[PDB]
Amino acid sequence: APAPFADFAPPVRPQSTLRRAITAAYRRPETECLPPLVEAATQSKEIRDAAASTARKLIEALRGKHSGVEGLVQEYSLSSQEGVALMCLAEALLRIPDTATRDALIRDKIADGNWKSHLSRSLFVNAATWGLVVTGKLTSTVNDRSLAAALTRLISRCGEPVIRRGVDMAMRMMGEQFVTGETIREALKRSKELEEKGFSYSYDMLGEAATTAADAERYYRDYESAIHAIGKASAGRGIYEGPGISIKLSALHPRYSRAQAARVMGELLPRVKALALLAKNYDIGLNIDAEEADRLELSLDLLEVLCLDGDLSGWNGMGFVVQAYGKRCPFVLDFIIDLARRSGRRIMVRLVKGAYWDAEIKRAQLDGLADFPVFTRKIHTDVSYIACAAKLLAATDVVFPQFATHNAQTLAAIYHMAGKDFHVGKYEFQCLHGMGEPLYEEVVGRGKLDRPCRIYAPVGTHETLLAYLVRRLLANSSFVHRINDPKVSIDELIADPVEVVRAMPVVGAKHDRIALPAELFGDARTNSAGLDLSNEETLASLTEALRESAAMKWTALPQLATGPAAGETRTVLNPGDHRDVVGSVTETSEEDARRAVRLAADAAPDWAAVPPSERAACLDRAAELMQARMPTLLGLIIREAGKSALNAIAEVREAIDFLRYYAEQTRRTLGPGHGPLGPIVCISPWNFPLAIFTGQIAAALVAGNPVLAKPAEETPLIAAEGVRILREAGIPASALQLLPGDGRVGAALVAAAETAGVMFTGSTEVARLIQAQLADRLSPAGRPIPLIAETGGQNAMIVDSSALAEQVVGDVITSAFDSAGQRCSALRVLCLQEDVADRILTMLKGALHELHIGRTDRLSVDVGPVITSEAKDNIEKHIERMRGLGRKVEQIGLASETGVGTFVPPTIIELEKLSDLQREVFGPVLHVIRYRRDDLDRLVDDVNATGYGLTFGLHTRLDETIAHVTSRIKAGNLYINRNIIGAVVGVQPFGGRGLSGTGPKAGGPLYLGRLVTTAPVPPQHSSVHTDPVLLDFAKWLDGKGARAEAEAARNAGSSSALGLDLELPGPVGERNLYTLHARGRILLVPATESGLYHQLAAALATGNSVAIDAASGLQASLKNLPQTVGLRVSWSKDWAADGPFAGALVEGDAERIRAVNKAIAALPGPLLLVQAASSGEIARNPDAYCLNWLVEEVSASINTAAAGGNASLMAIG
Amino acid sequence: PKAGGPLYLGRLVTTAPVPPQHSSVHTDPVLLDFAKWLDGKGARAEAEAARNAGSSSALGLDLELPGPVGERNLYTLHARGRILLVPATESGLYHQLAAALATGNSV
Amino acid sequence: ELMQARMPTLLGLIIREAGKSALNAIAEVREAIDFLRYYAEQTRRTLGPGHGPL
Ligand SMILES: Cc1cc2nc3c(=O)[nH]c(=O)nc-3n(C[C@H](O)[C@H](O)[C@H](O)COP(=O)(O)OP(=O)(O)OC[C@H]3O[C@@H](n4cnc5c(N)ncnc54)[C@H](O)[C@@H]3O)c2cc1C
Ligand SMILES: NC(=O)c1ccc[n+]([C@@H]2O[C@H](COP(=O)([O-])OP(=O)(O)OC[C@H]3O[C@@H](n4cnc5c(N)ncnc54)[C@H](O)[C@@H]3O)[C@@H](O)[C@H]2O)c1
Ligand SMILES: COc1ccc(CO)cc1
Ligand SMILES: COc1ccc(CO)cc1
Ligand SMILES: [Mg+2]
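The listed protein sequences correspond, in order, to chains A, B and C. Counting from 1 along the first sequence, just add 1 to a position and that's the residue number in this note's numbering. Counting from 1 along the second sequence, just add 11 to a position and that's the residue number in this note's numbering. Counting from 1 along the third sequence, just add 70 to a position and that's the residue number in this note's numbering.
Incorrect hints may have been included.
Computed list of chain B residues with no C-beta within reach of chain A, every gap over 12 Å [claimed, not checked]:
#1 12
#2 19
#3 29
#4 35
#5 36
#6 46
#7 50
#8 55
#9 62
#10 65
#11 66
#12 72
#13 78
#14 87
Calculated cross-link-like contacts (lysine-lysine; reagent style BS3-like; alpha-carbon spacing at most 30 Å) [stated by the list, open to error]:
#15 B:13 / A:58
#16 C:90 / B:47
#17 A:363 / A:511
#18 A:914 / B:52
Derived, one-sided and incomplete: chain A residues facing chain B with beta-carbon distance under 7 Å [to be verified]:
#19 146
#20 147
#21 153
#22 154
#23 368
#24 371
#25 372
#26 934
#27 938
#28 964
#29 967
Keep in mind that the hints were calculated from the coordinates and are not lab data. For each residue, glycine too, the CB sits at the ideal point set by N, CA and C.
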């Protein structure tokens, strides 16, 4: 058996001094980065004046010669939406290959009227891109109804002439501006004109982010074929005068990442070498483009091997991009310059600012990292660029600097920095095709500055160029935007960033409007911190901490208030390798479980008397302890629960966030009148063995309740460690007792007489057993024992033909197979619109086969084991039933090493109907169904019809589809254009409805209120909206003479928070919404007319319909209802026939309540959140029925960066 | 339609244009249920007309109109209310229902 | 444009014929001007050959 973590994440090579200096700068505070850059970028006053004069001259020439789309908009008086819609139409018309066929469709069909009749795919799929072209603004989703109206309007107003102009404009832009040509041969033909003027070219075949082996092979052969064409055309001109190629490493391997570094070196490197050998033979440049920040250092390992490879010697065409917006840039340059010296290769170094700025900000915030790997003020990037240019210009004997910029100030500064001694081959400038030529036509040539410029020339079809055109077009801080803004003076454009930064009060301060990841929530609480698994220092330190964690003697014992108790002891084995003993658990006898509840009951007053602020301080101290102990906690979670390192980090972060969130919610709400329930039994699942465990216990404790913590039998060790941390943080032993063991221990705790509440997260079937146990029980006040039961899902994602396949596949692979599908939120049913289903399925299967399944103590493992052999057997029985029915089943092949553990390969099962699924299958099993677009509403019904309602995803660019689907789906956590596994505490408050939960949501503001006898008013919890049926009922009550009930009804209408609609603070590039809706149909079990009126008021005020128990005999109390109220009212003689219900209100004495609670628990389907009150309580207490539990929380997380950029961050420079 | 509003001119021609800004992303849910019912019974042309009406309806439009500072001037499209339907044929009734339901009305 | 330039004269007629104060006569003429310009602009935004008159 291999030692745990002995091969966790070894670096490709030992890190040299120069490499270590790169890693050390990865997230260096911005105030530390800038001073040396300012120093290196400083030039003499004479140079700065000459640079400003040159920049002004260039800018004056630019503004003096400065429209195609603008001219079209002007000529036809188009609104912006009309312009966008026209270009979308033109794009669609250009998908018709034959010109005569297109023109006939235009003249005879499109112009004459209904364009919709002649053009499965919305015309407006790419409207966000065309919106950027027309308006300069990015909108993440497309208002397809506005665009359709605008297209109809413009065609009916202007006819064929405007369509013709739009088609011709789109053809020119997509064929000649956004690309140099559609094919390398066309691009080469079009390059002769500017080559004759002194420009050169680097061709970009536009490949990027391979998702499958086949994609990577396609991009390879595209690069190889382009190299031949470019090399034939170069015809011996060499690497400086002649054209070259640019490649992206992500195009050449589907798993280009540090986590897969061994595959990258073994599989990607030979492909680059083969392309480089061909470039060498033709003597052309081959440049490696720079991508995301977490790929920088990995790419250096390839650059190192290639430059040291003797087979490539004699050729100086290898090139490499460095991004000056990155904090590591000067250190990367030091490394490259030294590599060039060692290898004797004159590396072509393209200095750029960087293309992924918005995404880098979002990623660092999502990952909770210490700082950004890029600057946050645009001027810092400018200074970085100029400083790095000074470094490169001192090294022209050993590297060939290539200054890629469209900024005339940047250009002029470097032109003068480089001085008057010039020869071709010393350095060059670079620019983008169809963007930089106006500037560089003022640079290239003896009559200008006599400096060469290489044009970066995209080559590809319409489909290829549109894929990432949004990123290429992206902002208010951009020079090209500012040059076209008449409000920006030339003096502003020639401002010297070096001197501006030098004079700032704090040199290098972070942008004021960009939150560090730790500060995402501002004053409310400190965000949990993650770990950067692309940072070699982090990987090396984590390796040691993980190894050290595997040497610890982890145990879990029955920790009663009186001390550890004896019991049956057994080992805890790693699910990925049963030979790896992780620790030992001593399980709780049912007698000691009952004893623990009695001890908790005796201890309840002493814990309730700890003021809420001090209880919250215990939670905050526990969060600090968990944060500090994260590396050790990761190792335990990895080995005990089959989690990968990434998933263990998320697990610990979630626990920290629960602690800090419930602490803050406590400080916002809890006072002397919110008395604790008493002893709370917290029963938790194995699959989030620290986060959910900690969340339930922390909430119960901070609400003033002593806790009996019963962790899942599979994962007691991390639970014991969480309890140890909470106790260290100040939770007394009497307030927090750990009771390891199986469901018998949970059941014994639930049945214990002093148990005052139950928090259960687990399977729906077990929750139903607990519901049955509790139906026997009443509190000493004669009321139901509160149960929070957060249960399973049958989670769907709907994908339409406007979604980007690569994005869908990434989110599907993550949502379905992360943690081997052992997340309650995991994607179970992918629903693909028929027109795109085959393409997406092919890509998905290709991506599936790139996953590494194995024991999770290796960073390269993507999918770990299932938790037990029983879980494996259950999942495999489902897979085989499906296979036996003829369903197509795609499965990864498992390595022989998996035999020592319990693994199920990620599996894709193609289904006929959603009804082919019965219950949740908690494993790595994705089901795929196809749907026709017109059946989308029926499909949403089918998703709802399972009775589950946990997570739901939708991938579409179309606002109409978003509005339709999100208004009709019934699930607690919705996700738009992203994965469906988000449960970021306080950002996506998590929890579902139906068979998926009773609520309230964990990680949301209603949670703590369920754990006290009188619920506080949560922060932000109110609504100005009044349910109109409630209002009609109140008027009906007054007309009946029920004056006090009418007043109570009006009060309920005001007190209801139905209609609350909030945006929760979170990361950039996402909108996280939280809304309160009706629950559905509430079962009313009244005893008296006044009780019925109060129950109906409560239910109607919260937007619900009702089914009233017909056995109450109260039919005559509801005569002559207004039709609006009658529509919401039904009478039920057989409650089981008239469900599912979404809650219940009960009136009666204690024994009536007990009997009704038993009858309600017997109803099929979802657990019902029941509220009961006596008739006297209804008379005495206006809040006898709490409106908090009569609404349903919905969280929706929208990825607003999905179109390729962040609109809001375009204004942050 | 309202004088001084964007629907007015369309009443004065025999085929109404699509007014500026006249659209809505919202689809009436009863319209949606009606279209599913039509498809269930095989009325394919009518179900298509129903879906098309659901999309072209501007019910739910909710705009702020440009005006003076210190004022918010809002313009919204709601259902008319209850529409009297006087059909002659089954298909005609289905088309009338589609139009009325798509615009949020009862009939 | 003509109503705008002739507003003072039009005001005088409205004041005397319809019993309006000067401020409300101004509002009357402004509203007429705005109708003219609004329906002109709405026309430029919408009307094409297939929108035949009644
Ligand atoms: C020929 C060529 C090849 C290129 N190849 C690559 C490549 O392989 N990889 C890559 O990542 N980029 C590459 N780029 C650069 C990238 O695509 C942009 O074109 C470039 O960053 C724009 O810089 P500028 O001098 O043209 O414009 P400017 O207007 O001077 O600078 C804009 C840049 O400033 C930066 N920026 C904007 N806001 C902020 C902020 N708030 N804080 C910090 N920085 C900010 C960004 O880098 C932004 O792109 C290339 C550019 C060219 C011209
Ligand atoms: N809605 C959510 O937030 C959420 C979160 C995580 C997991 N889940 C669900 O949890 C399930 C997986 O976790 P699991 O396998 O540990 O679930 P489970 O239902 O098997 O076990 C959950 C817990 O209940 C205990 N238990 C078992 N039988 C009991 C009984 N008769 N009485 C009292 N307690 C009993 C177990 O010991 C364990 O502690 C999945 O169905 C998943 O969807 C839901
Ligand atoms: C548009 O200029 C770019 C060239 C290459 C890259 C590689 O990421 C990005 C931008
Ligand atoms: C609708 O035309 C109007 C003209 C003037 C006023 C102000 O009196 C109001 C309306
Ligand atoms: Mg179980």
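Hints and how they fare:
1. 12: holds (17 Å)
2. 19: Holds, because the least Cβ-Cβ distance between residue 19 of chain B and chain A comes to about 16 Å, which exceeds 12 Å.
3. 29: violated (4 Å)
4. 35: At roughly 6 Å from the nearest Cβ of chain A, residue 35 of chain B sits no farther out than 12 Å, so the non-interface label is violated.
5. 36: violated (4 Å)
6. 46: violated (7 Å)
7. 50: violated (7 Å)
8. 55: Per Cβ check, residue 55 of chain B is inside 12 Å of chain A; nearest 10 Å; violated.
9. 62: Label violated. Min Cβ-Cβ 6 Å, cutoff 12 Å.
10. 65: Incorrect as stated: the minimum Cβ-Cβ distance to chain A is 9 Å, not above 12 Å.
11. 66: Residue 66 of chain B is in fact no farther than 12 Å from some Cβ atom of chain A, at 6 Å.
12. 72: At roughly 10 Å from the nearest Cβ of chain A, residue 72 of chain B sits no farther out than 12 Å, so the non-interface label is violated.
13. 78: holds (19 Å)
14. 87: Holds, since 16 Å exceeds 12 Å.
15. B:13 / A:58: violated (56 Å)
16. C:90 / B:47: The hint is violated at about 58 Å.
17. A:363 / A:511: Holds: residue 363 of chain A and residue 511 of chain A sit about 15 Å apart, inside 30 Å.
18. A:914 / B:52: Given that 30 Å is the threshold and the Cα spacing comes to 20 Å, the pair holds.
19. 146: holds (4 Å)
20. 147: holds (5 Å)
21. 153: holds (5 Å)
22. 154: Result: holds, 4 Å to nearest chain B Cβ.
23. 368: Constraint on residue 368 of chain A not satisfied, violated at 33 Å.
24. 371: With a minimum Cβ separation of about 41 Å from chain B (threshold 7 Å), the hint on residue 371 of chain A is violated.
25. 372: Violated, about 39 Å.
26. 934: Where the cut-off is 7 Å and the nearest Cβ of chain B is about 10 Å from residue 934 of chain A, the hint is violated.
27. 938: holds (5 Å)
28. 964: Given a least distance of 4 Å, the restraint on residue 964 of chain A holds.
29. 967: With a closest approach of 11 Å, the residue 967 of chain A hint is violated.
This entry does not satisfy hints 3, 4, 5, 6, 7, 8, 9, 10, 11, 12, 15, 16, 23, 24, 25, 26, 29, going by the numbered hints stated previously.
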